[PDB]
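Peer 1: Position chains A', B and B' with the ligands against the provided structure of chain A, taking the given hints into account.
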Amino acid sequence: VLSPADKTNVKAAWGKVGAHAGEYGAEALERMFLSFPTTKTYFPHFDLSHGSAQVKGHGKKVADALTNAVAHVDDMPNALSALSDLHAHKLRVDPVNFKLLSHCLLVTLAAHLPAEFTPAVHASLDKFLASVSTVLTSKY
Amino acid sequence: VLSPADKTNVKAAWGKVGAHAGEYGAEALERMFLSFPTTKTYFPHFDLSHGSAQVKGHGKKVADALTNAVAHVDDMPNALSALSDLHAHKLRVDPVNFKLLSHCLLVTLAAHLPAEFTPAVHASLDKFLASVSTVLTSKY
Amino acid sequence: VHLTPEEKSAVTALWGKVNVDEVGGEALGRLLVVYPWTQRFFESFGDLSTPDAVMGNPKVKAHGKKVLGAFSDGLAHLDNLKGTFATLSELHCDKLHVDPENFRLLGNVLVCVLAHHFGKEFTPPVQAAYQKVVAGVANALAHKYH
Amino acid sequence: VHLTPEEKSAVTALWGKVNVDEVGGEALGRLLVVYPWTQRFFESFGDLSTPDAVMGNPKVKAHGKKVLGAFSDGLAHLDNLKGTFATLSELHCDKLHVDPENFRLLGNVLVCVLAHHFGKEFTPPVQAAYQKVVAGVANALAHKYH
Ligand code: HEM
Ligand code: HEM
Ligand code: HEM
Ligand code: HEM
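Residue numbers (the deposited numbering), protein chains in the order written: chain A, 1 to 140; chain A', 1 to 140; chain B, 1 to 146; chain B', 1 to 146. A prime marks a further copy of an entry chain.
Calculated from the structure, these hints are not laboratory results.
All C-beta atoms in this analysis are idealised placements derived from N, C-alpha and C, irrespective of residue type, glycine included.
Chain B' is faced by these chain A' residues, among others (derived, beta-carbon under 7 Å):
#, residue
1, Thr-41
2, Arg-92
3, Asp-94
Only chain A is shown next, with the shape it has when bound in the complex:
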């Protein structure tokens, strides 16, 4: 579940992120790969070095998926249907890894939104990312 409060908190947070969405996505990816090196095995063909155009490009895609989820918060399974299929079936992502990327996305937001990242907003974002992760892991 996501309360109306959680939804306004999440919308608010994404509002302030603004056009930095893609860049924060790339940063969250880098945080994940450095902090949790096991996640690197899903991207053997990427250059994962700092400044990698491939991480940057992929960060924008991750952020765009998250924004699409925010924009359709009440029907995420439908919105995220192809992505769920991709990650469970083709990519076979270990469900544990969604928790790790979600934490790095939270770290990234915290690192950039000193005002917005209140305890309440932290809580709402955590639930939002857990709901996305639930969707993305629904199709094994």
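Peer 2: For chains A', B and B' with the ligands alone, coordinates are given in the frame of chain A:
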């Protein structure tokens, strides 16, 4: 998600369990309390000894909730609404604990259904119990 | 890990009844079927399209033997699981890069296999003792992350 | 746990800038708000009805100090975390009965608090080094389950 195959597997499994539902529930509880002693703290006022009428009684309630979920597999959040509220809000059950009880429920079924507990049926039951657990943890 | 004598007895007594040529491939097989992302680390093994495919698969049955071989080993060395699994940790951690939650899962699947095969014999205290074992093995395998 | 010199530097340099009277209660507070089941082990502390209640609560701020005290300690003893936390493990495991996943969560919340306070300074390599630390602390705290 639960495919039509998963649903027929789960229905089949519950069919063979039959009137032993409550007894298996009590057994699953005992397996959990012995294997995962941390779970015992949620039942300070229970006698948890073997043969405990309180474990037996509570086992029947657990099994009846599971059967109600099976019986309304396509609308579990509605069916399990009060139970989700109870466990998240009043009881504050650590979400990790649902995984542990789910494993003991699987062990119990395996211990009693040599014919039914095929690899495919194992898989369907795991997904069924993960869906119930998802519902019961949706309301923090 | 600390097993009491009654715990050691419960484990050892059942473990001598185990078909070491079969239980291993049954546990590994079920793991690949129940937790399909684990099939990421086994594309080589061939037809994993179906449960029958995975279960009736040679490389699975072949490999589960060693896997089962590992658990037997540590059952003799609850005192020194870290020392026992030292090598194999760098294998799954430094070389394979596998999350330690997955070792807990294999352990739990092995427990389900033991219950399936022993039925009534796999009582709640016997399960409790086997949980300590697979917990200790999973942890020792993950020491190269710790 | 093995921190490289650059990892040790990244951690130590930031850790000296930390307000030890505040960060502790911020991390603990957020844990109780974000993961509300953790409030099961703290009914005594009073008004935990709201985030403002929890955050603006004396017993939380009081207790987070010690909690933060613990992490500082282990930051001096990455060589002997098990030896460092020995006592406190029997406390949370044998006496309190707490799942080790929860220690990982507190560690992650502390990392979010560090990022919030240090912003740009909390770079991805600095985070990576802090993750090794909180991972090692969480594991050492759970040794009384292992
Ligand atoms: C909030 C969680 C996640 C979101 C929103 C997300 C989003 C996306 C999106 C939008 C793509 C687009 C691919 C494309 O269309 O070009 C993608 C691909 C991919 N994702 Fe994720 N993802 C998430 C979690 C994860 C995790 C945890 C992993 C593994 C650690 C992962 C691994 C991959 C891989 C390997 C690809 C394909 C990379 C390639 O070869 O191009 N994802 N993801
Ligand atoms: C498949 C998962 C679960 C199911 C189907 C389930 C079902 C139920 C049901 C039907 C009740 C009924 C209470 C009543 O109406 O009298 C109950 C109560 C309760 N459950 Fe669960 N439950 C599950 C998981 C858990 C877990 C993991 C824990 C903690 C380890 C837990 C702890 C409790 C407690 C403490 C009560 C109240 C006990 C009392 O004081 O009477 N439950 N549950
Ligand atoms: C649970 C998730 C696990 C995964 C995903 C995994 C993955 C793998 C992979 C990919 C290999 C190499 C096989 C190949 O492709 O040639 C391997 C080897 C092996 N694994 Fe696992 N592993 C897991 C857990 C375990 C555990 C818990 C044990 C024993 C306690 C174990 C015992 C072994 C052994 C004994 C070998 C090979 C020995 C040899 O070749 O000399 N594995 N594993
Ligand atoms: C993460 C979940 C945790 C929970 C739910 C938990 C729970 C508790 C509880 C109930 C107490 C007793 C407080 C009281 O009611 O009087 C306590 C004490 C304490 N905890 Fe935690 N704990 C957790 C993790 C940690 C971690 C990771 C650390 C440090 C690394 C820590 C450090 C301490 C300290 C230093 C004390 C008391 C010291 C003293 O009183 O002498 N806790 N904890």
